[PDB]
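Here we start with a single chain on its own, the form solved without this ligand, put down as structure tokens.
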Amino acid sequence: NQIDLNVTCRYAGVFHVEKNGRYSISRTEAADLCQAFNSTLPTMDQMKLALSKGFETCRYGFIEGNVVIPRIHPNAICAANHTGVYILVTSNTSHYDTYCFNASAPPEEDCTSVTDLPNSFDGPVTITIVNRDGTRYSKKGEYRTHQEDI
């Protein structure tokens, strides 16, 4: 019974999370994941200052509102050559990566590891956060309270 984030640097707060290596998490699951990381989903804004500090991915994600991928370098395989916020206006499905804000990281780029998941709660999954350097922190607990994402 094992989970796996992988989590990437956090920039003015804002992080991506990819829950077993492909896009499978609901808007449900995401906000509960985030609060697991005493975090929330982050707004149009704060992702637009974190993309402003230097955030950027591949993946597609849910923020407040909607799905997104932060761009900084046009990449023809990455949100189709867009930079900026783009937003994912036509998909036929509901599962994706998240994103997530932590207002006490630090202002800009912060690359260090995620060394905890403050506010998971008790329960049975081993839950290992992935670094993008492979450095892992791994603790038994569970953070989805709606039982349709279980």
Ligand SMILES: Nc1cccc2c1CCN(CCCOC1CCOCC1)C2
Second form
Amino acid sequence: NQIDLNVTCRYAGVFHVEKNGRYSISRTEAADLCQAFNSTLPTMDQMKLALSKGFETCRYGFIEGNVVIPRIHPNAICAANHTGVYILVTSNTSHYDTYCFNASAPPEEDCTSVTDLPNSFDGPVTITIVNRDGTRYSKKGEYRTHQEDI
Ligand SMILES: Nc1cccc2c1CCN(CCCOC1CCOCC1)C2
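Structure of the form deposited with this ligand bound, given the form solved without this ligand:
Following is the full complex, with the preceding chain placed first.
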């Protein structure tokens, strides 16, 4: 009973989280996930600022209202070579990664590791934060509040 959460650098408080390195988070689970990080789903304005500071990924994730990929550099296999905050328009499916926003984070690029999940609640799951440099932090707990997400 284990979940890996792959997390990125923060840019103006905004970061990306993948569950088990595969698209697998529902919109309701994304909100609970960010809450476990004492974070919220970013607004488009927050995300655009993060992008201006250096934030980009090659993965779809939720923000408040939309599913997006922030892109700085054109890449043919990432958001169809677009730049800016690319908005997913047409999809059959409901499960993606998530973006999260922590207001307490540094204002620009913070590429330090994440070493806590400060607002997870009591639970039976071994939750492991996995940073891009491989550093890991684990704790027993839960963050999902909706039964349909478990
Ligand atoms: N931040 C982080 C920490 C630990 C592992 C990882 C990441 C981000 C990328 N992520 C990629 C996982 C799957 O690669 C995707 C497949 C879909 O297209 C973009 C790359 C791995």
